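Chemist: If you want the building blocks of each chain, they are given just below.
Protein chains: 2
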Amino acid sequence: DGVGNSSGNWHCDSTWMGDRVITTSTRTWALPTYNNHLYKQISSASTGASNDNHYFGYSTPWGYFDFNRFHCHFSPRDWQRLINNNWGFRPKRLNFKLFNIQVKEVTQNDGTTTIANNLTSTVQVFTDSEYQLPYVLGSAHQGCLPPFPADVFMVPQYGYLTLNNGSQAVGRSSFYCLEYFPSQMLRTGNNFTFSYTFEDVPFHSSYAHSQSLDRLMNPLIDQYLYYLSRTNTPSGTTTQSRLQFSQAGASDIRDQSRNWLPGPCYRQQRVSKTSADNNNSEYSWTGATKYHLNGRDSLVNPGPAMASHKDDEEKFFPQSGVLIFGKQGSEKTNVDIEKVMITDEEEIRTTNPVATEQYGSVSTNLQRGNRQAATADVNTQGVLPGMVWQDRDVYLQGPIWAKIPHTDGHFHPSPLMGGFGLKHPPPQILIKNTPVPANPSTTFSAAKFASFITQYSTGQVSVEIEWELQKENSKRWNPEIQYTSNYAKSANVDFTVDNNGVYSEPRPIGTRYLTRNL
Amino acid sequence: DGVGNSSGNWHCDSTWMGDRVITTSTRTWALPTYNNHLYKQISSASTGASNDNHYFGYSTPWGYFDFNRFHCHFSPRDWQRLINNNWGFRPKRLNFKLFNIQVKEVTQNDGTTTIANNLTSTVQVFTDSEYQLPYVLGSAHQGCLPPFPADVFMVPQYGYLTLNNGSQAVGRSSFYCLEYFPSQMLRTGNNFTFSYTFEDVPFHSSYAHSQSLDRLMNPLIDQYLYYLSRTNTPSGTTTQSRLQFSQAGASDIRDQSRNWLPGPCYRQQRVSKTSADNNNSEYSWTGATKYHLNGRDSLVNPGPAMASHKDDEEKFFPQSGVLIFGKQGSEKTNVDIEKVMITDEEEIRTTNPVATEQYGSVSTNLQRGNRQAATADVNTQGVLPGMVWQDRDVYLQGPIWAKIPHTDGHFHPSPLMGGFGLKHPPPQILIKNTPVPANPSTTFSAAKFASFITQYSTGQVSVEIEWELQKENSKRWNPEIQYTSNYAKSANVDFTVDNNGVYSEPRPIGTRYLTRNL
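Note that the protein sequences, when read in sequence, are chains A and B. When you read off a place in the first sequence, starting at 1, and then add 203, the result is the number in the working numbering. When you read off a place in the second sequence, starting at 1, and then add 203, the result is the number in the working numbering.
Only chain A is shown next, with the shape it has when bound in the complex:
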C-alpha cells in the first residue's frame, strides 16, 4: 500500500498435481517512454519500397506485455516431463500480475547521467477485454518474456497497420487513440491483477503415429473387392485388349481399396542443407511459393502442415515450409545456415504429404485406342471429403496461441505457425508512463507542451497458466522413443549458461515423441 511495503512475492514455481499442471513465472521489466508521448503515423513513403512492401500505420507511446511463447512458462526440464509422459495438453486458466513498480527520473545536466526515484509519478495500465484494438500478439514478434528467469527485458512498443493504397491511406483506414479507454493508474505501492479463462479448445496432439495411412490393412487376409490388374493380353502372338480383374492382398499392397485420403498440399520448392546440391541461380523470391492478395503477392510461411522430407533424405527441407529459429547471438540479416536451427516435421508424414513432392496424379483425357491414356500431376490439392491430416508441431521456442480473425467463414481454425486458435485470446495488456511536464513559462500559451521530464519505470510481472493434460495409456510391449540429453561429456551443458553468463538453447524441441495407433 505504501512506499515501504512490498506489493508482491516472487513465485516462479510449478506444481504437477493430477492431470493438471500449473506453471508460474516472474520477470523484471523496464519501460522507456516511446515516441516522446506522441502518436505518429508511419509508412513506406520515401523508402523506395516495392509494391509488395508498402504499408501505412501508426506507432503509439504505449507498450505491451507478450507471454505468448512456451519457454516463458516452461523450463527445459518441465518440457520433457510434459512431452515424454503425455498425449496432449491445453491451457485452462490464466492469471497475471504487475507489482513493485518503480518510476525513475533521469538527469543529463552535467553530461553525466543521474537517476533518482519519483514517488508521486504513475504508470497507467489497461487490458483490452472487449477486443477493440488491433490484436498484435499473434505474429511471433520479439519482445516476449525471456527464456531464463534471471534476465531483465524491455517492454516492446505498440503499433499497428491499417489499410493502405501504396503509401497512402485508403480512407476506410481507422485510427485508435489508446488514451480513450479506461485505464488504471498505478503508483509505487499499487499492483495490478486480472484473471482469464480459456474457452474449450482441442488438446494438442503430442503423439506421433505407429502406422501409416497407407497400411491400415491386415496383411494376412485378402480383400473381397476387385481392381483392374491387366488391360491387355499376350494372347494371339500379339497384344490385344482384354480387361482382367484381380483381388488385392499383401502381394500387391498398393492396389487395395482404402477408406481415407492424405491431407491437403500446397507445394514448396526443395533446397538442401548441403551447399553443393543447390542451384547457383537466385531463386529465393522467384522460385518461392506465393499467394496473391489485392494485387500484391506475399510469401507463404510456414504454410499448411506438410512433411519436410521423404524417408531417405534428411538434408532436404522445403524452402518456405519450416519454422527456422536462430541460435543465441545470431544477427538479423544474411546469416549462414550454421547460425540457424531448422525444425524437422518428419513425424507427420504418416498422414500429411511431403511438402516438396506432388500430391498425386490425375487422368487428363479420355482414351479410345486411337489415343493413349494420359495423366497430369497434382501440385495443389484442396480438401476433399474423407481426408485426414495432422496439425503442425508445437515447439518450446514457438508461439502458444493465435487469434482467429473475425470473419464470415473459416476452415479448421488451427493456426499455421502452430498453437491454439482462439476466438477470444488472452487480452492485450498495454502500459505507459504518464507524462510529467517540465516547468512551463510564467506567461500563458496555448501550444501543447514539447518539454517533459525524462523518466522510465521498472517492476515485476508474474504470469500463471493452468494446463490440462491427457495422460498416456499405451499397451505396446517395446519401449517408446523419449527425449533425452546426450550423456557424453561436453564443454558446456545444454540449456545452461556459459562462463560469460549467456543462456543458450542448443536445438528446438518438438512436442511429439510418444506414439499412437492411427
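Calculated from the structure, these hints are not laboratory results. Certain hints may be false.
Copies of one chain are not kept apart here, so a pair can be met inside one copy or by any two copies together.
As the list claims (entries may be wrong) - Under the rule of at most 27 Å between Cα atoms (straight-line distance), these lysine-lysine pairs were calculated in the DSS-like manner:
no. : residue 1 : residue 2
1   : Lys493    : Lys535
2   : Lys626    : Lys542
3   : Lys535    : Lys476
4   : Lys651    : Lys678
5   : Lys692    : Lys674
6   : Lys674    : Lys295
7   : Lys692    : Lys243
8   : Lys651    : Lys307
9   : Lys295    : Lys606
10  : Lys530    : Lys651
Given chain A, work out where chain B should sit, using these hints.
Modeler: Below, chain B alone, put in the same frame as chain A:
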C-alpha cells in the same frame, strides 16, 4: 491518501446506454505561478489605444479550468454518431475531478535547470457555486482542454475587466480578492470532486427543415381569400384605374396569404472568398456592422442567426456574420483566407433571412394619383408577433454554453455564438499554487516577502457529462443526408495525427443533417 497510493483512475470512455449518453474525458495539466503571487491592475493606459479599445481590470495569481468546448467531450466518431441519429440533445448532469497532484520545485542555481518534487507543498482549489465572481467562461477564450486526449495543456490565468472611463476606473468599479473565499487545500495524495446538475434547458435542434416557410401550402387546392391583382385596365384605348381582385393558387405562388413571418435581421456586408470580386478599399472597420454602447462602438460578432448566402452563390459570406475557426498551426495576426475554415449556415435559410440581403420592403407614402406609390427597404427588423426563427448552429469546435446575464429583462436567452443559455452555469473552478517563502532574514522586518521558491504543479483532470438525446422518428421514404468521411485515398486520414505527431481537424462539423417538416 498517501504518497505511494494513487488518487484516481483514468476514465476516458463513453457509454451510449438508452436515450442517455455519458461522455467522460481525462487530461493532464500543468499550472505555473502567475504574476509572482501578486494581484495587479491592468489597463490600456500608455498603449495609445483608441476610445473603443480602452479597458480597466485586474489580473490574479489564480488559474481556471475551461471544458466549455464540445470537442473536449466528444471524439469525431462520437460526434457523428450523435448528429446522424438524433434530432436534439441537452446536457443533464456533470461531474468533475482533480487527482494525482504533484508539486515540483525548480532550481536555476548552476544555470542548469533542476527539478525535484515537494511532498509537503499544497495547491488550493475552490469552485464558485454562488456566482459572486465575474464569469469569464462564456467568451470563447483559448485554454480549454485539448481536443486529443494525448495532449498536455497549461491552465490559463484568471482575470477580469470592470467599469472604466478611458483608462481610469469609474469608482463604481469593484475589486475581488480570490483569497477571501473558502478553498480546499490539496496535497499529493488528496483529490477534489464536485457534481453539478443542469437546469431544464431546451433541446438543441439537430434537424434541418424539409420545406421553406414560404411554401406551406397545398399546391393543388386554391385559397378562398382574395388579393389585389391589378390596379388598372387597358379599357378605353388608354389606362384607367380599376381594382381587380384574384384568388391565389399554384399559378401565383407568391401572392397567397400566410400565417407566419421569417425571423428578424440585422444586416451584414457581403464579401466573397474570391479575391477578385471584393472591393479594393479598406472597409473592414468602416463598412462593418456595429452597435454603439456608452459612446464607444463595437463590432457585432457573430450577431443574430441569419443565413450565410442565397441558393446559387456559395462563395459569398457575411463580413462579421459567421464563426471563423483556424486550421492547425494558424498564426494570430493577418492570416490569409486559406489558413482559416469558415462555417456555413445555409441550412437555416428555410426560416431565417439571408444575412447580406434586406428583410423586405415597406410602403413609404400615401398615394393619390398626383403621387405614385413608393417603397423603402427594411435593413433592420425587430421581432414582430408571428415570427419564427432558428437558433445558430452548434459545432464540434464551438462553445457548449453561456451564462445569461442577470438583468431585469432579456429576450430568447439563447446565446449568439450558439449553445445553451444558462442562468446558473457550471461553476468556475479556480486553482492556485500556495506560496512558499524563501529563507527570511534573521532580523525582523515588516515588509512583505518579495522572494519565493519557484514551483509549479501538475495533475489529472476528469470531466464527465451526461447528455439526454431526442431520437429521430422519420417517416420519409428516401434516404437522409448523413455526415460521411470521403472514401478516396489520401496522404493523411482526417481527424488524425500526422507523421510528426500533430493532431489536426480538417473542417468544422455542424450539428444539423437530419431533416424534419417545418
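Chemist: With identical chains treated as interchangeable, where does the CA-CA distance between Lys674 and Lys295 reach 27 Å or less: within a copy, between copies, both, or neither?
Modeler: within (16 Å within a copy, 45 Å between copies)
Chemist: Within a copy, between copies, both or neither: where do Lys493 and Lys535 come within 27 Å Cα-Cα?
Modeler: Close inside one copy (23 Å), not across copies (56 Å); limit 27 Å.
Chemist: If the cut is 27 Å between Cα atoms, do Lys692 and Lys674 qualify within a copy, between copies, both or neither?
Modeler: Neither. Shortest intra-copy (33 Å) and inter-copy (56 Å) distances fail the 27 Å Cα cut-off.
Chemist: Under a CA distance limit of 27 Å, which applies to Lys535 and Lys476: within one copy, between copies, both, or neither?
Modeler: within (20 Å within a copy, 57 Å between copies)
Chemist: 27 Å Cα cut-off: does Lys530 pair with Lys651 within a copy, between copies, both or neither?
Modeler: between (47 Å within a copy, 15 Å between copies)
Chemist: Is it within, between, both or neither when you check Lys626 against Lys542 at 27 Å Cα-Cα?
Modeler: Result: close neither inside a copy nor across copies, 36 Å intra and 48 Å inter.
Chemist: For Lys651 and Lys307, with the copy left unspecified, which applies at a CA distance of at most 27 Å: within, between, both, or neither?
Modeler: both (24 Å within a copy, 19 Å between copies)
Chemist: State whether the alpha carbon distance between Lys692 and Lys243 is at most 27 Å within one copy, between copies, both, or neither.
Modeler: For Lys692 and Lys243, the Cα distance is within 27 Å only across copies (19 Å; inside one copy 54 Å).
Chemist: Tell me, please, which holds for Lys295 and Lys606 at an alpha-carbon limit of 27 Å: within, between, both or neither?
Modeler: The answer is within: 16 Å in one copy meets 27 Å, while 41 Å across copies does not.
Chemist: When Cα atoms must be at most 27 Å apart, do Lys651 and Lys678 count as within-copy, between-copy, both, or neither?
Modeler: Neither. Shortest intra-copy (73 Å) and inter-copy (47 Å) distances fail the 27 Å Cα cut-off.
Comparing the model with each earlier hint shows violations of hints 2, 4 and 5; every other hint is respected.
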